[PDB]
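Asks: Each chain, written out:
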Amino acid sequence: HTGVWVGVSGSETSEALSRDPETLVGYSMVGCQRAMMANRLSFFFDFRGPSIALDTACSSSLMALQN
Amino acid sequence: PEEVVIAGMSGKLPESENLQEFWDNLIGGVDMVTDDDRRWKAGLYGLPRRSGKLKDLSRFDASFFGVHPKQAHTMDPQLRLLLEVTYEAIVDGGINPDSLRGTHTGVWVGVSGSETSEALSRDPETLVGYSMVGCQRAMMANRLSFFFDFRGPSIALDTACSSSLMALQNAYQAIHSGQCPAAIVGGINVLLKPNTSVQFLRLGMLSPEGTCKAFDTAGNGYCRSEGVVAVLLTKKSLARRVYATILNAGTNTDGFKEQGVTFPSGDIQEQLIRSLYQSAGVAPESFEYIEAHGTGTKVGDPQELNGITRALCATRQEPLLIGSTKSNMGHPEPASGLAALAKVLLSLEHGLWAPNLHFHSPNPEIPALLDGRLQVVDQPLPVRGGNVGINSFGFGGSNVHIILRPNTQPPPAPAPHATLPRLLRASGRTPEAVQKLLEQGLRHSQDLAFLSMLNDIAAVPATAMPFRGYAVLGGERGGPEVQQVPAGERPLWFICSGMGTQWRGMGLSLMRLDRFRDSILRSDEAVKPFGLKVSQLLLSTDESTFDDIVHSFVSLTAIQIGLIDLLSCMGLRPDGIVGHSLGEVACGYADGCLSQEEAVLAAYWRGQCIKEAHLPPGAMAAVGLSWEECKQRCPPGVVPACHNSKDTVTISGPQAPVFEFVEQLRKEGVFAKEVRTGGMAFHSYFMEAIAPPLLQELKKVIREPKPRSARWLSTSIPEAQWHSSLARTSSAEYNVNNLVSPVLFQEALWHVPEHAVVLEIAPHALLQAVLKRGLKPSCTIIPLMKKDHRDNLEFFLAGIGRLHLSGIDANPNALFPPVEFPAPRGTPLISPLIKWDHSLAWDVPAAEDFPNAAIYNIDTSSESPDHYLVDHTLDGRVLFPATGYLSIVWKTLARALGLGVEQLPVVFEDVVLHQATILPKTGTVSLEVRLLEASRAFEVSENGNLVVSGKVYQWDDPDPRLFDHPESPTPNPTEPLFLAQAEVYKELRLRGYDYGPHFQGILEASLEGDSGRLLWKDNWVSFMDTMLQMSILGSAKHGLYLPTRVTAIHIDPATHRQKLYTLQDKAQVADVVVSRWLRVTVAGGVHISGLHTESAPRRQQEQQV
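Order-wise, the sequence lines are chains B and A. The first sequence: position 10 = 113 (the deposited numbering), numbered continuously. Reading the second sequence from the start, the letters are residues 1 to 852, 859 to 1111 in the deposited numbering.
There may be inaccurate statements among the hints.
Here are the computed distance ranges between Cβ atoms for each label pair [as the list claims (entries may be wrong)]:
1) B:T126 to A:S58: 29 to 37 Å
2) B:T126 to A:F256: 26 to 34 Å
3) A:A459 to B:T126: 57 to 65 Å
4) B:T126 to A:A943: 40 to 48 Å
5) A:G826 to B:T126: 54 to 62 Å
6) A:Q484 to B:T126: 42 to 50 Å
7) A:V907 to B:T126: 31 to 39 Å
8) B:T126 to A:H971: 25 to 33 Å
9) B:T126 to A:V918: 30 to 38 Å
Just so you know, the hints here were simulated from the structure itself, not pulled from any lab data. Even for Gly, the Cβ is constructed at its ideal location relative to N, Cα and C.
The shape of chain B in the complex, shown without the other chains:
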């Protein structure tokens, strides 16, 4: 039932990879959206617990640890 809590506060890569509308590949949103920062880990490691990505404004890591 292991869970994942990831403290993240930026997705600049998502902004970069969505620059062009004609030539943007769909699977970018699988691999750059903020939510996937935890869902990808849950997917590879086969964890059935919670999966969360929280900003919390510069205390994301220690917040995730508290959760």
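Starting from the known structure of chain B, fit chain A onto it as the hints suggest.
Replies: Then chain A, alone, in the frame of chain B:
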């Protein structure tokens, strides 16, 4: 732990400014997903034509929420709407936000996009620093916590498509474990950047038809929809209204799956549901309606529905209702959970289930639908009873699920206190808000829970909300009254009136109020020994009953103590107290220096000693003569009894001298009236004879004196001697002297601050006129009771309302019995009632801002502004005019220099056309223009192929001499005949030019082709093409000739305006001249030199056979 409940709710879902509109759309079946161009021009990038969208993002009550205007512009629309929605939600459950301040309430907000962060951070040089404070995704929760002063956790989850329900689950765990006593869960999603929709389309999730045809055979995708919902979850102890109770909530992740990261798993969902309903202790048969995710995906729907079938439909008999809210409003990606919760709670509130749109052929892969074990809500079905479920499955693999037990508290049985009138008070930003609240309250004059909730949330300081208003419900009369409340804290004063104010059955109406009845009953107990029952006296209807002094005094005291108690219940502590003669004792109680029994006994014994004396008859009258003038005018035996006012005075004495003086004064014309003393001398030497027995009795009555406070100003001891022993304590001696001593009432008034609020605590406001006259004009007065009124309870409530309008906060709910909680189901929602101040427009990001060298798309659709180009047909196919190239390059240059077209005289040089662009009948063609300011050269390209090249630059010094019409090649044609429009375009048709009405702009032409008059329909393309038509008209070369090179062109709009003229009709015309010797064509304000045309092939396919 403790039960957790969904206290409040609020939001702005698609096509709904408040949840009331949301329910009205849902039950009415109206599809909430539109096809307008609000967010971006429809049909772009192949994106779905239809999507759900809010109504207006450009409104925000900036001043109230303490955001300075500059930072208001640069704040994400999500947060601007979310502050309002959260405030509305908190007050929905009838909880004043100030109460939560200082508590550990949290704010869990589910946001998946920060599109506005990019929008305000795309220009490094001129980007303002405020953006981070109001746009960074973390500030979504921090801003709420900062305004409402919440000390609990402040997070912002990011799981996609499930952030809202995950936030709700986290809040449930927080409150359930006792960490937090309240929580504000919310979700926000606004569609601004089309690139995100393009991404989703590339992934394959979006349905081209733009309809989330949930559970149907033809399920394709989901239509993006935007909403902002918030919910307030608090423990069962603090709740006012309980929409539902959260029995349990949990979540789990899909983990590895063979199909892929984006393939939902049914086994995990079944496990989650079973684990929740087993752990919580809820029987599987209990569930009634489950709000399946219903994304409409061909894959997700069968998986989720089969999971629900295994988890709940295994061993139950009655069918289980299954519905999906996304079939109405679309799919709010990160706010999906809260939208479904709002739908479920509204359905529970109103007693019906909202039907599901777009369900005609049930899907075959879900057997339960065909076997009837699951039933879709195709029509509005009445809610039957039982638990409810909700589940959102974000595509990242995060699953959540919540069990809800509806609130079913029945309306209370009618009670006598329901018949009695109630008071209502509402506050808001603008008068429309107060009127809305009062009107809605008046529409429910019987829902006591609704009225109490409204009264609770009305306590807000004037600065926050500058308009208040009160309305008495159920009274014989009296409408709403809303007036602005001037700023500043204002003082409150009590003034207790004296003798004469008693009347028949006074106060009989107030006895229906419980607190007043308790006060009067305590008084009746207090005065038992002497055979007088205050309640019995009040009820007694004999007119002579109040002839005796004893009854009058006791009754006045009892009524005043009752009124002081009634005010005391509301929490009002007076700052100043100034009484008048008898009833100063009432003031004594008001301060606290006297006990109710002590005061009533003092009053009774004063009265009784009055009788025992048997003093000679004596009448006191009001004399218009002032206090200084009257005294020296007073005859022997008469003196100034009470210095009521400068204009009004009272003097007493033997009845005969009083009558003689009154008649003499009436001869002099001054005011005079005898007060109802009943024949007992008041505040004169007559009372001197009573002091010894009265002093004895009073010493008996009050045994443990108390010290008078600085609030109450002794209107019996002159201001000079306020440091005496008597003035310190209102002992028996103080009251004795007060009885004997004159009434220096007016003098004591001055110390009333400015703007202060005066209350006349007494049965009959006899002194209200006196206070008005002798008080600062800035003050405010209130009677609280009027003689011989229909229902004094109504008047008292009206007075409390007027007090509310005057600044102080006196909540009236406490007057009647407290209403049992939680609020019964059916109480109309309070969230829609709140109205904000939306008189300013705040900025929102535009499509242009988001990233995706002038590009001009030419569309010939009838709605397109370039439809006029459909009339430029040469040899049977539409071609883009050369003048069109000139015009687009001109506009691009104008944009480069910053000026407008009509103020930019331009010069073209060495213009060359390479290939002719054919506008297709359908679709569009894109044209690209690039300028090289340094080299004064431009270039037009299409699909990467050069179409036109040349030099364009601004004209520094225009010369009107240039447009003077050149000498005609034939000085004297001397031919009255001339070609008209029909003949001109007949000739051009014969050559091969097929021009439509728009491009037909040659009203006349000379036979030789040298001069003519051109129309001006306010379109440069048509005008210059008409000039080229004139040039081609005189050519002796049969065949289709098209321009290929123009050496130089000069355009000066000012000369163009000065050259035009109007005919007998309203049409404008500009003369045109062609000179083949100089090779110039001058018309209006256009000069064309060095044209060159090359014979077109003139070959067209599919010629008529």
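Asks: Look at each hint and say if it fits the structure.
Replies: Hint check:
The hint said 29 to 37 Å for the Cβ distance between B:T126 and A:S58, and at roughly 33 Å that hint holds. A hinted range of 26 to 34 Å for the beta carbons of B:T126 and A:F256 is consistent with their spacing of about 31 Å. At roughly 59 Å, the beta carbons of A:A459 and B:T126 sit within the given window of 57 to 65 Å. Judged by the Cβ atoms, the range 40 to 48 Å given for B:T126 and A:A943 is violated: they are separated by roughly 30 Å.
For the pair A:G826 and B:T126, the beta carbons lie near 56 Å from each other, so the given range of 54 to 62 Å is met. Distance hint for A:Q484 and B:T126: a CB-CB separation of about 59 Å, inconsistent with the stated range 42 to 50 Å. The hinted window of 31 to 39 Å between A:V907 and B:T126 holds, with their beta carbons roughly 34 Å apart. At about 55 Å, the CB distance of B:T126 to A:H971 disagrees with the hint of 25 to 33 Å.
Between B:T126 and A:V918 the C-beta distance comes to about 33 Å, which sits within the given range of 30 to 38 Å.
Hints 4, 6, 8 from the list above are not met by this structure, while the remaining hints are.
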